[PDB]
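Q: We have chain A already, so just place chain B with the ligands on it with the hints.
Residue-level listing of the chains:
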Amino acid sequence: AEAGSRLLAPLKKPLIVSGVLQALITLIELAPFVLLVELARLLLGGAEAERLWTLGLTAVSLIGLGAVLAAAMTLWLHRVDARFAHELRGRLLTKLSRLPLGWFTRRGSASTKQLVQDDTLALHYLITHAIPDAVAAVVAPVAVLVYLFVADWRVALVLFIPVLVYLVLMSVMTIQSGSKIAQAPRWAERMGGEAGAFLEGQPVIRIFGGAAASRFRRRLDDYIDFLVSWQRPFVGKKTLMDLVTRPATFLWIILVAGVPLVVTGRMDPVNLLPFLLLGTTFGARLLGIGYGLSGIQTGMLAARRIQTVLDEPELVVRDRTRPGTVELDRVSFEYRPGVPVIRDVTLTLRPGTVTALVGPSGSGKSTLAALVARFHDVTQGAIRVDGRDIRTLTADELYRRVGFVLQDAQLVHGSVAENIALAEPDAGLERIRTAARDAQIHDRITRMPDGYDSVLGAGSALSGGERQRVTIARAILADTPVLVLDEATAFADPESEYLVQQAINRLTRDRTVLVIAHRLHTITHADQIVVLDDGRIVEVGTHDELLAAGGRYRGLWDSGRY
Amino acid sequence: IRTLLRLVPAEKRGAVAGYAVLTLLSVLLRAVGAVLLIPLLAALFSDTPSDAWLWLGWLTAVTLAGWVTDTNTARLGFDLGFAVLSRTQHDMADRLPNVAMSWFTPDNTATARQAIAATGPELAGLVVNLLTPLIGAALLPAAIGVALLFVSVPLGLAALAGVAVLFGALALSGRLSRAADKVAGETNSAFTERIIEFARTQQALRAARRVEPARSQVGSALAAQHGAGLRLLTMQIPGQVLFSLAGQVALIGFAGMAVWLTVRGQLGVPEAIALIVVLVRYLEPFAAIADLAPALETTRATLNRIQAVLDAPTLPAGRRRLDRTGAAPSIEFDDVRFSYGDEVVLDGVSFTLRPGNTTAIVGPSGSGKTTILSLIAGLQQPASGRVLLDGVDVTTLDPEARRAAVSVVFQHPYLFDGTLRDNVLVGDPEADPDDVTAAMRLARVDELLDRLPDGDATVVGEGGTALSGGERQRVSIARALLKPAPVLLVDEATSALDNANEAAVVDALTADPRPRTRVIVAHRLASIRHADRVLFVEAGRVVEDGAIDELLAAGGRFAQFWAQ
Ligand SMILES: Nc1ncnc2c1ncn2[C@@H]1O[C@H](COP(=O)(O)OP(=O)(O)OP(=O)(O)O)[C@@H](O)[C@H]1O
Ligand SMILES: Nc1ncnc2c1ncn2[C@@H]1O[C@H](COP(=O)(O)OP(=O)(O)OP(=O)(O)O)[C@@H](O)[C@H]1O
Ligand SMILES: [Mg+2]
Ligand SMILES: [Mg+2]
Ligand SMILES: [Zn+2]
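In order, the protein sequences belong to chains A and B.
Positions 316 to 636, 650 to 890 (the authors' numbering) are the ones given, in order, by the first sequence.
Each residue of the second sequence is one higher than the last, beginning at 2 in the authors' numbering.
Isolated chain B, as found in the complex:
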């Protein structure tokens, strides 16, 4: 299979050569072991059965060598299977944080989820469970045919004639079911994305009464999943019928040549009886191929999903680093253009932030404020134009140096399932308890520890689902403040917090003692307290900017914004 060799590590290519040699050797030894019965029983049925010792000795050597070969083939298949598992999974884990954010469509997120979900024992035992019996079952009839040439040339040709029928059925069986199996996988993958949506959106679905399977989208995805599943069981009937005909046709071809030679004196009766046993050994791989062929098509979809993520377009990067690790950098845009698909968001934004100051961004909803912060942090990159941290382009900046330069508070606080403390520690896991306490106290997360019964060991749900809307927002603020990054981005930190907690958090965003260049995407006029500069963004450009008193005095769009 072409796809799997692409995923093999380069360091293990010595093991694949050894595996292939032992795999071919396994087939050769098994085939020689089968055809070694023809002289053995011919000598055993002869008038001198003592001649049978020579062929039993060779049979013992061939069988013992087979056990050693197939044990080593199993060790290498296990090592190669898990080496591909850890290599691909670690590559996808490394690659995905660098994959472009435009790649995470609902279809690709399903591909990445299924690709990551293939980590189980089924993919790991791929080489042991599929490749080894598939290669052996496919090549064993051909090796017995080649081995039979030393007993009788036309008999070996007849056994090789049925080999061609085996591959004819093997190619056609996959061809017939490929159309239906693709739909079965696609409908089964959609059903996965609806169960996750079903569990993640229960409140909205339940209120809307779209939760019962007769009325729900997951119920519709289940009906399509069942119909495509039953269709696959039906379109696989031709493949199993076709393998049965191949086995029967090979049986007629093998047995027809054996009887034809026997009546003509070219093949003794013990040799003919011995070939009945070789005929059964010859025909067992025909049924083994039939059972393994359906599993071959599901693997091809599994490896394609894994290769789909590995082929995903990583984002541009360089190897530059900032002149100082912790000094406050200047943030500036130089005619930044950006668009989601064909829908433009930004059309020539150009500003410059002084290092170590705090500036605010305000504007209507859907203006582009969150996009601006994403571009600064490097989550997005411009379609054209450039973003410079301390005069150094982020697109040419090291992923490590670029990642370490920014800490952000997102508009929709997402917390990983775990303890409350583990989510704060994500900002800086190496920080000592004195630093973690300072971050929590600034973000008013210390008040949560008193009220909550488990304190900082409170189990956060999926997202911040097991916390209130305002509680998870402060856990997010503590996470951002803990990180020592010299650039702080804040996105609607006020949305879920009451008036008392909002004021303390807003003061804490500037009372943080580190020198940082701060960008505050805010909602209220009070939320932009202590702001050294204000940027008003509307329709994808900074239409107006200045100080709070300056803009209010001018009575511009900044003043009209608060007038409702």
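Looking at chain A on its own, in the form it has when it is part of the complex:
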């Protein structure tokens, strides 16, 4: 696979050496049994004792040398694999930092977890074991069989019977499970998505249907049906391979072919000693790669998935190359091709002005905020911050110029100090208390058991309106020249909403602010009110001008009183 060779290119020389070392090791692991054959041949021959001690002690030590070399070789090769995955996992996280945000929405958090963690873990056998097992499974059966075929071709041919049966069993097993191996990672992604939604959507499941009617229960039953149909023939062929390749199976068929040749005057019992001692050894090497073809197939698929994401388009920072000003020029955008959401929007945001973005639900006002953040590139037109295109700005410059609150008060697993200081983690507690105080959340944080160290993990510590005021505190602490407030203060009560708004006006007096609100009574003070209907600017003006116009804004304002 091209996508697999490109990804595993850094491990070219480590993997070549692991193949060369295992050829030497497995030869060393077979040397004791060649010497034990000579020890056995000389015990029958009545040789001198000191010669037997030489063969006996050398053979026992060579068993120790092979065990030491084998253990050391897998240790180094396991650490090469461990260091590659850290390098690879960090590469993926670096890549995902830059991808357009439509990648995350169309995929989900369960597929990202499978990508960064499970798919990199799926490469373990391919990197650490596939080449060691392949070289062992080649050189050891080949070295043993060539040694034994010279010893006796009659018994040596009979050793091919379990070998050929093993090759047929793994080949048939490989073609059968090839389709299921490819289908397997999709099912894990789906079950991770269902399991994640099952855990996250627990209030919905508890009230609507419970366990019985849940989408997770059905997919759980379907997944096990896939596993049983996948694993029953796979495990069934696995055991026949183990039975075929076992030492007891080789030893029995050596004796079935051997004893009649010895009872009759066709073979000496001395010449059976190579078969009894070495004939039973190479079966375990054969089973190593036979059990391992699935690891290679899954690893090669995972490497293909990983390199596909690392080849993704990236929202590049191009080298094309008034303060606080943001200008939208002929901006258009499509979440999906052929589905307009923004249509030729032209707008300018100037310092010391409050711009209110209003309109019907689903008109694209949150999309415009995301476009200024450059979560997605505009399909047409341009968005320029302080005279420079954001496609030319780097991420640090872009997000130091403009700050965001996003209508979906996402909180990370950490303390409220870590959440409020998300923008500037090096900020001090004195600043955090100041930012939290302005966001009207400091009093709540004081009442917590651990105070500002209290953790904000899953299902903890805050109501919906309290989460939003934490994210406002984050934006205050960032202290960027431009600010965007996507539906902020939506869950805030009127008494608390006034205090937060008054603080925002105080802090952003001389700064560019883009407020987005459905509650039109809260944006009467805006310098300009921009009405976005069906992804296009239908009217622009002050509150009185838009009311007198008798257009969409007057309709929304009149309908606000019910």
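Just so you know, the hints here were simulated from the structure itself, not pulled from any lab data.
Which stretches of chain B does chain A cover? Using the computed rule of at least three CB atoms under 8 Å from a CB of chain A, they are: (1) 57 to 65; (2) 199 to 212; (3) 232 to 246; (4) 371 to 379; (5) 502 to 515; (6) 518 to 532.
Backbone N, C-alpha and C define an ideal beta-carbon position, used for all residues, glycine too.
A: Then chain B with the ligands, alone, in the frame of chain A:
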């Protein structure tokens, strides 16, 4: 292993007895097959090789019987492995919706996610891949030692002497690596929860510039994951060294006794040569145990997570049912107390809702409004006090009857990844298309179907992520209205909807033709239109309540609330 037998179904305990008998029989047959070479080669090397036929016949019978035993052991191991898989996974799927909502901490959610994530082929093939070779590899040296007693007593004792060394290495190898393996799993489990957080919180992280691995929390969890992973590879070195010493010590003990007997005439040369083959067969399980022992410790963590969910505290329930399935019940609290941990939310709430009426709940943010609705729907339960539906305590009510009594609109609309229609149908999957259309038309979701290109087949993201904030809110409202439950709970349905859509939705919450007792947790004075009663809740009790005109006339906290 003690933990796995706990998870075995009771209906399969007949198969475990058969599996155990065949598993012991597998070891006995393999060991007899190995020691049957000593008389066979002794007869083969003798002056009368024709005597070798008797021992080859017994070897053929023992080996053929071994194939039948180990094939059946594989069928039962597969059946037992998947029976435990489907039993535990279905039990966890059944149990988790009944587990107390306080149990879903970030640590336990990781445990439940990993426990559910164990559904793959690795856990299913547990009995085939781990227990069968572990039991065989552990008992095979002991069975060869017992089998060798019929050839020579001290030789069998010497082979049993090395068995004790094998178990000594087996116990110590797990003991040395148990401290490091626990950290490796814990740091690897934290890394899972940060990738999910990383993907789920990209906008907030990207704006905050906490997205690059040098500055991100997932990058820090990756650095700790790597350090704990490399530490595990190092602290596992003593175990592999200790198994190698055990194998070498057993080799010296076995070979030392064989040579000692041979020079003293108690053991012929062919018997001694035959024991070299039995020595190799005796020593192969020493290496097999070494390869399987690291996998044994990861299984113990896997089964512990599964048992952690199965031991999770399910919520109290009964077997009562409402007097009528669809009639509007009266909702009342009788001095309800509630607290999240030590932080109190409610401190003696007592109200009564008339059946079939619509009442409103308003108050400051963080007051307890969402907690009140959760207690009515049974998501939470009081620390003390009681909630009664139609005069029947919900804590003593059937989970089916309790679940069917309430439909809710949540403050934060969560939609499952799927089509827009599938999320509406969750309210009542058995409803006919006429009923589903009525629910969508009431919730103004019909307008979405015109604007959206795929209509009701629009693919909703994780949550309602692939929909606007106001679009997913109306899909949630259609879901709640479709359900025929006689109690409707509404929580900030106005938050994400524009003025035109808000007014239609608010009118639809009461224009719904079913008779329901409605509770409206609202944000605006206009949002509580058509409300028969209003409850003002502040600091965990209903400080004030009454009609809208009554409270405005009194100029109480209700009037001060809208004055900002
Ligand atoms: N999971 C939780 N763990 C701990 N405390 C919580 C949790 N959820 C809410 N709280 C706290 O419980 C109290 C009431 O919260 P609740 O969600 O019931 O309020 P609310 O009136 O619905 O608020 P809002 O208008 O902000 O949604 C507040 O102190 C809130 O911080
Ligand atoms: N990730 C997405 N993928 C596809 N379509 C999307 C996505 N996010 C939003 N949309 C659609 O784009 C249009 C506008 O979305 P957006 O979130 O910008 O709306 P909005 O005006 O902010 O909404 P509201 O006022 O309800 O919060 C709607 O059709 C919405 O369904
Ligand atoms: Mg929006
Ligand atoms: Mg709430
Ligand atoms: Zn490995």
